[PDB]
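Before I ask anything, here is the structure I am working with.
A single protein chain has been removed from this complex, and every other one stays in its place.
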Amino acid sequence: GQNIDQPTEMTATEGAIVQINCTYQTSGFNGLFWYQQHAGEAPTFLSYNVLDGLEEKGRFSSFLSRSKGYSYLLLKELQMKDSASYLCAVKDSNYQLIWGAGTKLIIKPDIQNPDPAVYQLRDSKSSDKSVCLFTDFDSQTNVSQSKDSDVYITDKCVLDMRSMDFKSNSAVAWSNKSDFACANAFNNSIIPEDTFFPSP
Amino acid sequence: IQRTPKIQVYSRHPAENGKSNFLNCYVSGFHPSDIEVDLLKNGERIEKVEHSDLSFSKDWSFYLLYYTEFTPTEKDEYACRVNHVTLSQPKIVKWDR
Amino acid sequence: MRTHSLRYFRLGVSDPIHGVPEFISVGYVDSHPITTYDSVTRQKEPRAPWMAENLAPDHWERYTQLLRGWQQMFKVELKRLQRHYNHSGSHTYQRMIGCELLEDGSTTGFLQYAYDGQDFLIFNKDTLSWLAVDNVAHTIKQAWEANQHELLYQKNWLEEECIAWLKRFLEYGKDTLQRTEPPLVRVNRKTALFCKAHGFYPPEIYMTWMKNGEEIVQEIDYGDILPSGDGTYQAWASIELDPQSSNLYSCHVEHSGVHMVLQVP
Partner (left out) sequence: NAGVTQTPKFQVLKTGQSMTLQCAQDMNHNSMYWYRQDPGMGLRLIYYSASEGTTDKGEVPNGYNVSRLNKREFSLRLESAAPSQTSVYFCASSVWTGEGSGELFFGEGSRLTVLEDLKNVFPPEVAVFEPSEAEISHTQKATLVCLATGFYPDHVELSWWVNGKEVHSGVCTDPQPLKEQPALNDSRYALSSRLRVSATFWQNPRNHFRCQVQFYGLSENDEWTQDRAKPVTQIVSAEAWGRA
């Protein structure tokens, strides 16, 4: 059977270099494509290789080895906007495309001045929920899902304040339970020792 | 530039009277592809005549083979008649044994 | 094995007579047709029994779809040529692609186009460029060479894919393509000596006349190698006799690694 393999997910740091691998076993070979697909958007064409070697296009390069059945997509000077899925596809002897399942590329921002804190947002008169915001932590911190079925915790999100050229990570936790408090909301995560908890 | 067809008439096997054979007319080197070919028996068109599909040469010209089964005798004369855009009148090529 | 080749032709006609197809495409291995398609049937079909027996319906169905597309592209390209030539009437467009696997293991690959049966554009897969014969072709050359990826694609297809297809088809048809049927050769006089061969396969054969052990090609009439209709071929060569001096004539025939000499008494 014809098969194409690429890693499910990769994580790298802003400003660094990442290499996304694609291996293929096909009945004949008429070229290899890379496509970029931002979340919720259409795939767009990035590159084509059909002879052996490396081809550059801006900050992106694509390499092919026909004898090894191998290609990589090279992204240099990573930026947050490079966060996307990258799809490899190969045309077989009958010009039919065989598609890899895609590699999701996650980029960690460079947080220059980490200021980890958990803040209690103000209640809404139209909601019974209490809402806590874990924010301004360094990108090495991971936010774990909740182990209380009545507590909801979202993954970290990178926000860019363009005017101030300022990026920050944040995650949100909420619940309508009586014993929910921001001091314990993120207890299932490993959070920085110096995380700021303002007094209630 | 249009190329007139070369016309060659011959038997499948060396001909012998009273022995069943095949009469071939090989028409080649012509361009463009429209062409009309008939095999003649004493000047009369032969009815049971077969032909290969139009064939393509590397020099961009075309060729075809027209054939029919026959038993040669001493008296019967056979020929191939070919018409093409490069020919004013149909060209006749007799089978010379 | 000896040398073998695979090639596909396309023919387009701009204003054909009713019933005559505007588009035809035929594949060959050596001198054997293997595939056919035209704008009337709109189907790709086998032309050799060993192709039909070895390629599943999914092969013919897929290439039927591609050829319907290639048919449309050919019409559009011919329309563009005839407009740029400012030509009225019916004109022809032709394409040939393919590869050769030579006896010594080396390969060749070729791709070219013709307008009205004359060379129009010729691909060079080593310099990755198109040779144009006139200014109409020069305009097309510029557009095609601006698509560098397509040139690289064609080089890969000619050098790797085409040879792979050829080896595949050569195995399918090995009982036909790799056989040898030796010629039956005879001499007669009609004055001139005729040396005639028939019954042989493959069609590649070399016949010549030698006079006192020497060859002079400008004194020899060479006949074409012609299909006999049963899968074998026939050929001949003639030379005229000098009635003023005695000379020893001999017909020499080389076929599939065997040499034959027929000495004329």
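Read from first to last, the chains carry the letters A, B and C; within each, the first residue is number 1.
In this text, a residue touches a chain if its C-beta (ideal position, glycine included) is under 8 Å from a C-beta of that chain, and two chains touch if they have at least 3 such contacts.
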Check your understanding: Hey, which of A:98, A:181 or A:183 is the one touching the hidden chain?
Key -> A:98
Review point. Thinking of the whole complex, not just what is shown, which of A:11, A:25, A:27 or A:44 touches the missing chain?
Key: A:44
**Study point:** Sole residue of C:115, C:153 or C:169 that reaches the chain not shown, by the stated touch rule
**Key:** C:153
Point to revise | Selected from C:65, C:124, C:188 or C:263 as touching the chain missing from the view | key: C:65
Point to revise | Hidden partner interface residues of chain C, rising order | key: 61-62, 65-66, 68-73, 147, 149-150, 152-153
**Study point:** Interface with the undisplayed chain - residues on chain A
**Key:** 4, 30-31, 33, 35, 39-45, 48, 50, 87, 89, 91, 95-102, 115, 117, 119-124, 126-127, 129, 131, 133, 135-136, 149, 152, 154-155, 157-164, 168, 170, 172, 174, 196, 198
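Everything below uses one rule, namely that only the chains that are shown with their structure count from here on.
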Review point. Using CA atom averages as chain centres, what separation in Å is found between chain B and chain C?
Key: 21
Check your understanding: Roughly how far is chain A from chain B, going centre to centre by Cα mean, in whole Å?
Key -> 73
Check your understanding: Distance from the CA centroid of chain A to that of chain C, rounded to the nearest Å?
Key -> 56
Check your understanding: Going by the touch rule set out above, which residues of chain A reach two or more other chains?
Key -> none
Review point. Taking the complex as given, what residues does chain A use to touch chain C?
Key: 28-31, 48, 50-51, 66, 93-96
Review point. Residues of chain C touching chain B in their complex?
Key: 7, 9, 11, 13, 17, 20, 24, 26, 28, 33, 36, 47, 90, 92, 94, 96, 114, 116-119, 186, 196, 198, 224, 226-230, 234
Review point. What does chain C use to touch chain A in their complex?
Key: 59, 62-63, 66, 149, 152-153, 155-157, 160-161, 164-165
